[PDB]
Each structure stands twice: as structure tokens, then as C-alpha cells.
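A single chain comes next, written as C-alpha cells; it is the form deposited in one PDB entry.
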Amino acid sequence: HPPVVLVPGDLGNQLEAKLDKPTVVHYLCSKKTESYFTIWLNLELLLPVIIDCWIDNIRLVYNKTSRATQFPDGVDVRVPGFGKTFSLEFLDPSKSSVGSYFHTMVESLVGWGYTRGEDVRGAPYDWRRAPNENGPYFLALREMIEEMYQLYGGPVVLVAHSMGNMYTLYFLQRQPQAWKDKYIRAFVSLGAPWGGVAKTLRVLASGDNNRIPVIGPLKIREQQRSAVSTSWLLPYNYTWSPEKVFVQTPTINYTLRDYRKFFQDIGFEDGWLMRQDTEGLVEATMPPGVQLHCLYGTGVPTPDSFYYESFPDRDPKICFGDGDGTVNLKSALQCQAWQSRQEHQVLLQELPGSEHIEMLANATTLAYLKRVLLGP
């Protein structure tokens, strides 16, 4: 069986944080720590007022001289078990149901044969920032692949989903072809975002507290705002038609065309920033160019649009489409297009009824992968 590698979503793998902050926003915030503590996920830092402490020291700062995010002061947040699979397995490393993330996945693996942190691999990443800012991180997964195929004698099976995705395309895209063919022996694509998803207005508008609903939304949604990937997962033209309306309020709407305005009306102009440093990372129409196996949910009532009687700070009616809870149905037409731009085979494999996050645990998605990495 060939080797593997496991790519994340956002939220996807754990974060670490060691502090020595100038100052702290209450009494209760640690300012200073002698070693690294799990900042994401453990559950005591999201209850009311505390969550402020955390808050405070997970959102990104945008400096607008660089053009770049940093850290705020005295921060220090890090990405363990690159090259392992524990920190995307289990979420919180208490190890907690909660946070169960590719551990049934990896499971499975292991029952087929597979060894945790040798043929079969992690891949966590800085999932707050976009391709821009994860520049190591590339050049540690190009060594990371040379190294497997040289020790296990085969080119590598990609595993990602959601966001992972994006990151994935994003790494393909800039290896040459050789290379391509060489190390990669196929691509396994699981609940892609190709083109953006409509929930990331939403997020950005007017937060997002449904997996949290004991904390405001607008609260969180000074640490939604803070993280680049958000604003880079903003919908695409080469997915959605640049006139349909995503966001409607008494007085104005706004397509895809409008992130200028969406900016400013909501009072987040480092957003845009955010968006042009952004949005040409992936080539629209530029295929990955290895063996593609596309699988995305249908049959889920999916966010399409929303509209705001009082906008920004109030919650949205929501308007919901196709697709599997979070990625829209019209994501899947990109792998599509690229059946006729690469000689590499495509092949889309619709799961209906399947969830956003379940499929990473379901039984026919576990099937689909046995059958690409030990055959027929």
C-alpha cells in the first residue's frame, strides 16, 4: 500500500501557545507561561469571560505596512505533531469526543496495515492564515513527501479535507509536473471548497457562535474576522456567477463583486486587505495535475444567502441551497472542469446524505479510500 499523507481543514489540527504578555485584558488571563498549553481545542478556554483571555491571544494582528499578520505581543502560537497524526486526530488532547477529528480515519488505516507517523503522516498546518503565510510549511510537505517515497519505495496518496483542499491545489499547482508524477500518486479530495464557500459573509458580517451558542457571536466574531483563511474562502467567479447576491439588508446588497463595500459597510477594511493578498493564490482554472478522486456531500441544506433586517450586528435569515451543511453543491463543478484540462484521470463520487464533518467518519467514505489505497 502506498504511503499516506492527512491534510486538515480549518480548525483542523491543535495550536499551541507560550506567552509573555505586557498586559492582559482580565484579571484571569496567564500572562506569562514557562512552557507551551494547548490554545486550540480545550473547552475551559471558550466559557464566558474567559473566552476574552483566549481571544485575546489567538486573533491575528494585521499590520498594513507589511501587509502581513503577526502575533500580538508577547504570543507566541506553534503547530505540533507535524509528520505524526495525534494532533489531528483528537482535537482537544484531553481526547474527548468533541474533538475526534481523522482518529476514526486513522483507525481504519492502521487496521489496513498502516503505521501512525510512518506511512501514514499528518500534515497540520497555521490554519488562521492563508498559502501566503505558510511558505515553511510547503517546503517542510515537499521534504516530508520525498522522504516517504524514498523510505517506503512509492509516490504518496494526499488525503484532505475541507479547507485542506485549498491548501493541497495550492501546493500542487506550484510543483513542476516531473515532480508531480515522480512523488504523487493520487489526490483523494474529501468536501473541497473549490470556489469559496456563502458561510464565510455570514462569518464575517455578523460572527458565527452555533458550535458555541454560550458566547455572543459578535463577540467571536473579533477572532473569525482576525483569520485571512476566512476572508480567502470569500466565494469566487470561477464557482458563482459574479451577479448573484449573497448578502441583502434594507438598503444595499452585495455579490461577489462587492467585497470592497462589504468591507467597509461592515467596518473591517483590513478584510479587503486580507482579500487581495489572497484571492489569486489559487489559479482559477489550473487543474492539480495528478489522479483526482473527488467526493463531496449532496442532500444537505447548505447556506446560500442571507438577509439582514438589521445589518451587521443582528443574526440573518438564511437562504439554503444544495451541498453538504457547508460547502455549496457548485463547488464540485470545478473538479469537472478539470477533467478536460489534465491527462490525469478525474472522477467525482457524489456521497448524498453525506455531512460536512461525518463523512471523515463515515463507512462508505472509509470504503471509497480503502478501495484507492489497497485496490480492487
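Residue numbers count along the first chain shown, from 1. Take the two forms, find the largest set of C-alpha atoms that superpose within 1.5 Å, and that set is the rigid core. What changes on going to the form deposited in another entry:
- Once the two forms are fitted on their rigid core, between the two forms the CA displacement reaches 2 Å or more only for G216 among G216, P93, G113, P80.
So that was the form deposited in one PDB entry. Now I'd like the form deposited in another entry, please.
Only a single chain is listed, so you will not see partners or other molecules.
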């Protein structure tokens, strides 16, 4: 069986932090820690009495001089488990039911003959950032793939979920074709947000605590705005219409042509700079150049626009379209466009009724993956 590398989406692998901060926002917050602690996912840190401490540690500071993000002073954040699977099978070190992520898929692979950290390996990353600030991650990923090719006697299958598809596409578009032809067997794409997702507007405007409801919406908005990866997934012109209204107020309508004014009207102009930094990272029409399987969910009510009666501090009324609940269905059209652009096969597989996160543990998803890896 071919070696496998797993690339998670946003919030899709653990993060750890160590503190030696010059100041704290509240006298209850720790200034300095003995060693690293799990900052995601750790329910203990999200209680209302100390939720402000967690925000001050997991947010990113944007630097206009360098056009890059920085951790807050004295805070280090590292990504554990690179080349392994534990930080990616469960999001909470206690391994709760809520935080079960890649575990079901990893367990299937091991059942088929794989060995964790050997011929199946995870490629976690700091999903708060866009690819332009994870240069070292992609170098590490290339070396891991070359290593796995040598050890297990064949090219590697890349399995990416959610935002990880955009990380993997960025990686593949920038490797030479001869390298991909030698080292990559296939690219299995699970719920890829090609061209952005409409819910990104709501995330920036008023926050979205859907995946971690213990955090108040205005508190998580502080962290979600500071993450470059949020603005990176704003809707793109090569998928959406420039006339499409994503945010509607009694006064103004915001299309994808109005991101500059949108960021100014929500009091977060740094978002516009991060959109500038990230809008051109993924080439609009360049295919990955490897055999591709695009698996996408349909039949799940998916937010396509938002109406605010009180903008932007009150939850909006959501208007729903088709998709997997997160990724709008029109994103799958991008996969179909790559057929004419590359020789390698591009297979599209609709998953009716399969939700964005739940497709990772779905038996139909795993059945498709099994045919790719083990053959007929």
C-alpha cells in the first residue's frame, strides 16, 4: 500500500504554547509557564473567568512593517506531532468524543496494514496562518514525502481535509512537475474550500463559535480576526459572482468587491492587509498536476449570505444554500475545471448529505479512500 500523509484543516490539529509574557491583561492570567501547555483544544482554558487570558495567548499580532504576523510578546506557539498522528487523531489530549477528528480514518488505515508514524504520517501546521508564513512547514513536508518514498518503496498519497486542501494545493503548485511525477501518487481532497466560503464574512463581522460554543461570539471574534487564514478564505472572484451580496445591512451591501470598505466598517483594517497578503497565494487556474480525487458534500444547508439588523455586533439572520454546511457547492466546479488543464486523472465524487467535519469519519468516505490506497 502507498505511503499516506494526512493534512488537516483549520482547528484540525493540536497547538501548544509556552509563556514568558512582559504583561498580562488580567491579574488572573499566567505570565510565565513551566513548560508548554495545550492551548488547543483545552476546554479548561475557555472558562469565562480566564477566557481573556486565552485570547491574549492564541491571537496573532499583525505587523504592517513586515507584512507578517507575530505571536504576542513572550508567547511561543508550536505544532506538536509532525510526522506522527496523535496531535491530529484527537484535538483534546483527554481525547473526548467532541475532539475526535482523524482517529476514525487513522484506525481504518492501521486496520488495512498501516503503522502510525511509519507509512502513515500527519502533517499538522499552525492553521492560524496562511501558507506564506509556513515556508518551513512546506520544506519539512517535502522532506517527509521524499523520506517516505525511499522507506516504503513508492510515491505518496496526500489526504487533505477542509483548509488543508488549500495548503496542499499551494504546496503542489509550487513544486516542480518532475518532483511531483516522482514522489506524489495521488491527491485525495476532502471538502476543499476552493475559492473561499461565504461564512468567512460572518466570522469576521460578529464571530462564529459553532465549533466551540463555550466561547462567546464576540470573544472568539478577537481570535478569528487575528488569524490570517480567516481572511485567506474570503470568497474569491473565480468562484463567486462579483455582484453577490454576502453581507446585507439596512444601509450597505457588501460584495467581494467591497472587502476594503467591509474591513473598515467593522473596525479591523488589518484584515484588508492580510487579504492583500493572501489573495494571490493559490494560483486561480493552475491544477495540482497529480492524480486528483475531489470528494465534496452536497445536500447540507450552507450559509451563503447574512442579514444584519444591528451590524456588526449582533448575530445575523443566515440565508442558506447548497453545500456541505461550510463549503458552498460551487467550489467543486473548480475541481472540474482542472480536467482540461492536466493529463493526470481528476475524479469528482459527490457525497450527498455529508457534512464538512463529519465526512472525515464517514464510512462512505473511508470506503472511497480504501479503493484509492488498496486498489480494486
